[PDB]
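Single chain ahead, by itself, as structure tokens, in the form deposited without the ligand.
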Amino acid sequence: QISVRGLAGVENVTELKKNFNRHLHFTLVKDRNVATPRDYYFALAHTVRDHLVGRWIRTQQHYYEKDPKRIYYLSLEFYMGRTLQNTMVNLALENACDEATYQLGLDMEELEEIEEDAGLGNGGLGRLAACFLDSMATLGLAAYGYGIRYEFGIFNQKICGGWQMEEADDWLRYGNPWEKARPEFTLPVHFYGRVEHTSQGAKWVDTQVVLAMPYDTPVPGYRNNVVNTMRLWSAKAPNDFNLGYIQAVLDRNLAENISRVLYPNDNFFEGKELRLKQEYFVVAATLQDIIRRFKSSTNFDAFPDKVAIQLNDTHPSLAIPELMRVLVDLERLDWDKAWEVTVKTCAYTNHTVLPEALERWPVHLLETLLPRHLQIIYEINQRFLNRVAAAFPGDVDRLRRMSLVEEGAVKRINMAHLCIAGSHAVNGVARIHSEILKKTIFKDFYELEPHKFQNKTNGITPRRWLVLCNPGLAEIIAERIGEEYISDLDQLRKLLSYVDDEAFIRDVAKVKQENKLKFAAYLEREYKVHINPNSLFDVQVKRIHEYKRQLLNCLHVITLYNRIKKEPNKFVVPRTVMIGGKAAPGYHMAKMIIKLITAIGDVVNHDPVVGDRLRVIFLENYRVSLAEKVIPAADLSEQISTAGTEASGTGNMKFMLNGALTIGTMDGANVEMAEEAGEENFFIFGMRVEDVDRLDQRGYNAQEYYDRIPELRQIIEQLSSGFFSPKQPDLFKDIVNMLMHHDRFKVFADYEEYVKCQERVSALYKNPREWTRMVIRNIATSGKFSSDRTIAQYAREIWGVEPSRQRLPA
């Protein structure tokens, strides 16, 4: 149908049809008489999967022959989403499969909706890992993603009586065609025990053993015949575990619980033992795998020349002391040499400056679970602090600030401090964030070792986030500038010479309208909710957090409602306000915010005077597959975090690429997005980082804003009096109390500028031609935010490897 989806050659279509029928018969044990849509999905998945095999085997043997430096990306989260369409896109099989299925009497888009998301992440950090894998394969790097195969990913969200309910994400129930179990490569992981000091160094003895069984998933590059590997570890009990008899067999569950479920708390670090076990589990199994592969190429001087380990936050930070443990205790290297190798091997990426999110493990937990690692951490700390003392003589407070060990009621290990000490490179994820790290939380470390600190601005893959989710836009771009931009996104700059092109203006607006119509139809069919497709689609989708200020959006919504009620017969630009995202199960305030959004909808959506001029919808179960639907449909992207709190954001980049305009603060990557597009093409409002600092020095008094802004006062009175909860008048008392007395994120301080800025959005939307021209200026300058750019920078500036767009033979 469309060019970017590839060729549907007669020979290919014929072969796909027969292989589909072969799998339906031999693999699924079904015929066309009893087969269901799910059976058809699986037949197609197996058919497409077959095309990966040759490339997967030959990519891996190519790495063995050429022996390049290997990149190991360690993460507790990989937010992959669906695999079928992405695989077809990267193999140029989409049109051929569409034709093959069509000739068999099937709708491929219907089959695609059957696949479960691989939801092995919470949000941004997990999705970044996924985009990175796609980019590393596209750029021909010898890269491996290592993580945990959770039996249950991020919970499915149900909304019941306006409240979030959590249900288990049983994503493996029907099987996973994309993984290959590798039981033959199972490795042991050790826990508990004790340290014995002998004549020839320390020995870690009397341990309990859990087995790590790998499952491999192919990661195809974009049309370069490269297929890399994501290896996820699953926990298995040894066969003599607990070996009255029945109970011993049942108790195997305790060991296997390590890989059972993803921790869904992305707001607040909780020092839970099971989480610590998960972190060591992935680190210990992965490092054994790395060392084995290195030995199968005695001398560890060349280790950092052949191995790079990237730590996705501090979650896999135990890699540092584990590598030291193996090198010192098992390989018998001297400490100084092992440390040199470790530092040159490891690099650390930070994703937030919020203090409550930072990992600070109680010493007593590490003492019991990982006694040798604690001893190694203590030794690292002493040697590090001796360096600090030598560089800054007499600065005793610096010594306590920089220590890996934090004193207090309970002693804790600061895992970020461990990561900085043990890595040759530390990076933030957007320019402003990286600067904040050097000026604030890691200031002391920057002063000691300035060369370690870098920036790597985040990005998104244009395969999933344009070609896959928005083929209509990809095609109209391809018609003008060709197909090369898909792996070279900077080429989008060529679209600037089309800003006054009448045909292109019409085509861009048409694609958006089609996407909006499709999403409006999705909402009616799956949820029975009615929306006006002609309204401005105002979208805020992301995890629910106070710092992300969904509450500020709520205040604007109520403002618009109140203004309509005051002047009913005055024209306003119609809006559909959509808010979606999951709340961490133990985050009370976030759960209250969800209830508020639904409560506002209950009032607004049923007011006859409002009509179709304002609609408020909570998008249930926001996840990767839903993002792929809603982002192409969006007109306005809400990126409204308090300046200095969102490290980067990546949803922002997805919206920019797909033809939405952005209303945002100068926070995270918003700054660079505005820099690329031009400030005149961005709806920028509110306090800058410097303004927040000034307010903190003075003291934030929310009462001041309440007293001076009548429209804000009305909203607070409505919330407190029970206007949005008639049967439970004091339901939102916690929200009001927080806003008035304990608001860390200064919601009231940005209220006036936000509402005014929103008025300017509505003004521009009244002029469809000028709206679309500004959209074109955004899409055309989105090139910097390709994860291909991000990965090329990691490769050149941290890992010491050169990317390549050269094809492997098919």
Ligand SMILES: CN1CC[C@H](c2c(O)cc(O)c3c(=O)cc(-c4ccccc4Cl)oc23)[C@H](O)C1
The other form holds:
2 protein chains.
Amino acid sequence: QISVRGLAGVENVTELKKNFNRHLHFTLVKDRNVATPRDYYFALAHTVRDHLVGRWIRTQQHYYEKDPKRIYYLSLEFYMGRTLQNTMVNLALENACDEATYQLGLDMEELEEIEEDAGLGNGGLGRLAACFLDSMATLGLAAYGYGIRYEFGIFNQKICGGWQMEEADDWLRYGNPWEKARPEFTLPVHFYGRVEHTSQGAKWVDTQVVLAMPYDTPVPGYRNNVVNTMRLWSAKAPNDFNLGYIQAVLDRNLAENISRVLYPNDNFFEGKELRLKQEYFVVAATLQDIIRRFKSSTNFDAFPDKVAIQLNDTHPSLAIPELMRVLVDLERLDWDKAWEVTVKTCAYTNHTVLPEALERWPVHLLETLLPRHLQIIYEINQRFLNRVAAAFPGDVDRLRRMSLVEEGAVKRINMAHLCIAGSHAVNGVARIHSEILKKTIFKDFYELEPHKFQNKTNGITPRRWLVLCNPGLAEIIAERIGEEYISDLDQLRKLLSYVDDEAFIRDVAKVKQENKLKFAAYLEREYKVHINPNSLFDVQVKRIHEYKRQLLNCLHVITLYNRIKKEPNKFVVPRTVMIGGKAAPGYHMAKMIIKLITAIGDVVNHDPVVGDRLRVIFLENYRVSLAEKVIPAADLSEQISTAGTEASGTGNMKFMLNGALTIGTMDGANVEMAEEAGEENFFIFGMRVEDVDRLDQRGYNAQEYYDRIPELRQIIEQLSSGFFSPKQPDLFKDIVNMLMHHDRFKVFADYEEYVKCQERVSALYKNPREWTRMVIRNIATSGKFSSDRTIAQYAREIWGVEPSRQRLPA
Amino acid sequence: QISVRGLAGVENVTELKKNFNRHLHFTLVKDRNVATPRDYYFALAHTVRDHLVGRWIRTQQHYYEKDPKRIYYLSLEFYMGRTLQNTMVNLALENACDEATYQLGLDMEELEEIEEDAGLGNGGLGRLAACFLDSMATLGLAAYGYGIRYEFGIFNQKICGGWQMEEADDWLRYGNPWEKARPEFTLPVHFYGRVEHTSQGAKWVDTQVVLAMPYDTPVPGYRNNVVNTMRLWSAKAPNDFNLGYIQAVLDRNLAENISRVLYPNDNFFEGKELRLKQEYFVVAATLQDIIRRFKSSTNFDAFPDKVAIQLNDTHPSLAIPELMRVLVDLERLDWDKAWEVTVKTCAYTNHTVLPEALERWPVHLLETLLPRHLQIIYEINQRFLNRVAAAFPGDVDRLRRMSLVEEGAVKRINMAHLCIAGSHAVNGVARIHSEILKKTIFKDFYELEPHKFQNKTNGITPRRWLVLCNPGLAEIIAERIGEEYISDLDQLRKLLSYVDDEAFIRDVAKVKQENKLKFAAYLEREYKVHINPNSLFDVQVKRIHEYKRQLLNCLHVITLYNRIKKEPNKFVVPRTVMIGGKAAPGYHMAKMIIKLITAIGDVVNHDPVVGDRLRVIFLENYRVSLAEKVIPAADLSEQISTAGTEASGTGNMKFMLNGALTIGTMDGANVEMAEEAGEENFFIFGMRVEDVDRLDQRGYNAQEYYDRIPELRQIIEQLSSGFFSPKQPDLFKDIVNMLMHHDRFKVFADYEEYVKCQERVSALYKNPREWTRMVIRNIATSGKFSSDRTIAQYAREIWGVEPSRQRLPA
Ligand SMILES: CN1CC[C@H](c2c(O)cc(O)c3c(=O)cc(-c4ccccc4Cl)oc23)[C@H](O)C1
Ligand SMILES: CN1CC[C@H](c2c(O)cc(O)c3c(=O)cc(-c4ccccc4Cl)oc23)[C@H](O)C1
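So that was the form deposited without the ligand. Now I'd like the form solved in complex with the ligand, please.
The next block holds the full complex; its first chain is the one shown before.
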């Protein structure tokens, strides 16, 4: 149908149809009379998977022969989403498969909806890892993603009585056609035990063993015939485990629990033993695999020339002392040489400055679980602090500030400090964030080793986040400037010369309207909810957090409702306000915010005076596949975190690429987005980082705003009196109390400017032509935010490898 | 190479080679450079599996169109062993695959050794179910095996310091290429809860739900293009299960533990809640599946015309009250009609008279776990006892003897009594056993309903137990009488006219010698043990039991050793005595017997005076695949259970078919074997059932035998004094004490006759020609013991269906 989806050749379509039929018969053991839509999905998935294998085998053979430097990306999270469409896009198979399935009497889009998300992440950090894998493959890097194959990913969110309920994401129930189990490469991982000192060094003995079994998933590059590997580890008990008889067999579950479930916390540290086991498990298995591959090319001097290890946050920070352990205890290298190798191998990416996200593990936990690693950490700390003392003589407070060991009620290890000490590079994820690192939380470390500190502004893959989810937009762009932008997103700048093109303006606006109609149809079919497709689609989708300020959005929504009720017969630009996202199960305030949103909707959506002028919808079970549906349909992107709290954001970039305008604070990557597009083409409001700092010095008093803003007073009175909860008048007492007395994120301080700025949004939306022209200026300048750019910078500035767009032979 | 293994056509070999290469590439994602022998095994397994699917789909389609009466074989155990060779045999693919793999540079026998046994059974009962499935498919019956897919089957046995050690049989570790998961046919199973009585009957409410997910395995008939199904259920927690968050997800293991592990007890009842859950789990899921299929053909009058349910022992006895529950509570049938349907549908097979194997469940367990079933059982009991009282008025002791409810310290339900009441047929498994049932333990029931009681003498499949494991013998037989005997084993009688044929005598003896050489080679390669292949191979392989009397064998072994030591320079026929089998982990005495065997070997095998005249070897990890190796190599089959204790035995039949002579008591199927071959061609010794009865009346005094038999006294003195355990003199005190004071199985009473009979064995072995002629008379008369005969009798006399040897179109 459309050009960017590839060719549907006679030979290809015929071959796909026959291989589809073969898989239905031989693989699924079904015929057409009994086959269900799910059977058809699997037959298609297996058919497409067949096209990967040849390329997958030859890519890995190529790496064996050429022996390039290998990149190992370690993450506890890989938020992959669905794989079928992505694979078709990257292999240029989409139109051929669409045709083949059509001739078989099947609708391919319907089959695509059957695939479960691989929801092995919480949000931004996990999705970044996924975009990165795509970009590394597209840029021809010898890269491997290493993580955990969780049996249960991020929970499925149900809304019951306006409240979040959690249920197990049993994503493997029907099988996963993309993975290949590799039980032959199973490796042992050690826990507990004790340290013995002998004539020939330290020995870690009397350990409990858990097996790590790898599952490999192919990662295809964009039309370059490169297929890289994501290797995920699964926990297995050894066969002599606890070996009355029956109980010993049942107790194997204890060992296998390590890979059972993803901790559902977004930017929050929970200091639980099971989590620590997961972190060591992935690190220990991964490092053995790395060393084995390195030896199969004695001399570890060349190790950093052949290996790079990227730590996605501090979660895999144990890689540092584990590498030291292997090199010193097992390979018998001297400390100083092992350390040189470790530092030159490892690099660390920081994702947040928020204190509650920082990993600080109790010494007593590491003492019991990983006794040798604790000893190595103490030794790292001693040697590091000796360097600090020699650089800054007599500065005793600096020594205590920089220590990897934090003294107090319970002694803890600061994992971020460990990462900085043991890495040759430390990066933040947006320019403002990286500057904050150097100026505040890691200031001491920056003064000691300034060369270590870098910035690598985040990005998103334009394959998933444009071509896949918004083919209509990708096509009208390709009609003007060709297809090369898909792997060179900077070419979108060429669209600036079409900002006054009447045909293009009409086409951009038409693509948006179609996306909005499709999404309005999705909502009725799957959730029986009625929305006006001619209204402004105002969307905030992201994890529920106090720092992300869904509450500020709530306050605006109520303001609009109150204004309508005061002057019912006045014209207002109609809006559909959509808010979605998951709350961590134990995050009480975030769960209260969800209830508030649904409670507002219950009042607003049923007021006859409002009509279809204002609608408030909570988007249930927000996840990658839902993002691919709602983001193309959005007019307004809400990016309204308190300045200095959102390190980068990536959701912001997805909206920019897909033709929504942004209302946002000067926070994270919003700053660079506004800089690229021009501040005139962005709806910027609120305190800057400097303004937040000034308010903190003075002391934030929420009462001041309550006293001086009558519209804000009314909302607080409504919340307090039970206007939004008639049967439970005091339901939102915690929210009001927080806002009035302990709001770390200064919701009231940005309220006036936010409301004013929203009025300017509505004014522009009244002028469709000028709305769309501003949209074109955003899309045209979104190129910087391709993860291809991000990965090219990691490659050249951290990993010491050169990216390549050259094809491998098919 | 050999005729019975089929044709190796040019077209077939070429096709197999290309499909092997396809699977290696696309399925295993490997090329020849990195592929391991295991990869080659899987490529072959997938290639052979492809040949099943067409036949599998069309067989099940055939049953849908013709709508025959369906046979449902319910068992907690299916001891399948390996599947690859069996599938090739039944599809006539063995020579073609041998050729195809040879041309690829691979040895097929080596690849066959890679496959794990499906060890989902303990011994005889589980292996009987497996032979039955093979025969039902070969006889064209619309049959389904229903069981549990245990994650862990019968433990792998290791011998350490002469002691049995157990380890988990992780048989699914590398995957199972034969099964097809069917998550779409998942069914709920209910536990706990309570009973509510309403206006419209009883209701079972507030239950906990466990999901039952089916996995289907193909069961191919012998060259008839029929492929039947074995459906095994796996336990899955529902997604809202226990839905802090993390613990709730981890607690899903509790539900899934139901299908985790096979109880490793052979002919022994262990009254554990987990076992009861397994028994209900298989029954509840199976019965829903049966009823669904029956409806997809309102009127349950035709139910018994379309459905037969065979209960393999009392393990699935809950099928009776569960069928009543569904028919009465859910379908709203009146009691009397539901009962009529139930009785006409169900039939029960008894496997033993030993009291410790009989299932007697505490009322309090059923009360908590299955409250509605307990109520139904009480009602069954009341109505049944009203029938007894009307038939035998005033016989109050009969009422208490026949009750399904046993009164005492703890009230129990007798599951065997339940089965008899609710079945239209009850069978024993050998003529002597079935007579014992009618005369002793079920005498009261026989007097009430004599028409119910039948015999169905056990059998073994000649495919696995001759063609597969002994191709050399199968071939020399086929050279004389053709191939038709493989599915009509009675044709072996034609071999009687070759008993004086000098060529045949030479060939039979040559095949045995080759088998013995092959097995002697297997022992050195895998276990580094040296045996003399010219010695008499004296073997007892079966589960370790007091009733099976491995101890009597031990006493003979010691007698032989003592006789050699007394007269070293006297000629004796050299023997290799092999004993193998697993002990239930909690069966202390059986574990002591294993230690005794190894302890005897330690002394005997290292005495220089003995030389290679006597060797004692414990065969480690006895299982189906080992049986297929040792049975063809055996000269003498030890079948020496106390008369009246071994219901049938099936190991006995395997040895008879494979050219070993039998030393045995008149017990189980030994009686019918001797009757078929002629008592002159069997080494029968010891007490008959009548002699055992007479000794019990008088009182068994072991001291009498000790006092009057000097050779026996010496052995007991040796055991007591520490001759076989110098460092632990009192090691075997328990064994001696048992033998002298509490031996329920009268080891001493059969000792003299056994030793005398063994002397007659050695005498015959000295005359190779006459040994072999007696062998020919055994093989020639083994036809009755084909499971094809057994299944034809079940079909005609219990199930009301006619077997068919007619081919389905390929
Ligand atoms: C004082 N108390 C407030 C709640 C907080 C908390 C919980 O008790 C439980 C949670 O799951 C979370 C969470 O997911 C994220 C954040 C969080 C994360 C970043 C910034 C600010 C906050 Cl409040 O906080 C959480 C912690 O107990 C400290
Ligand atoms: C008195 N005591 C003896 C041991 C017996 C027992 C155990 O304690 C544990 C077991 O695992 C078994 C077993 O597997 C088989 C038999 C058994 C089975 C059939 C006939 C005779 C016997 Cl002894 O007995 C077992 C039971 O506790 C009664």
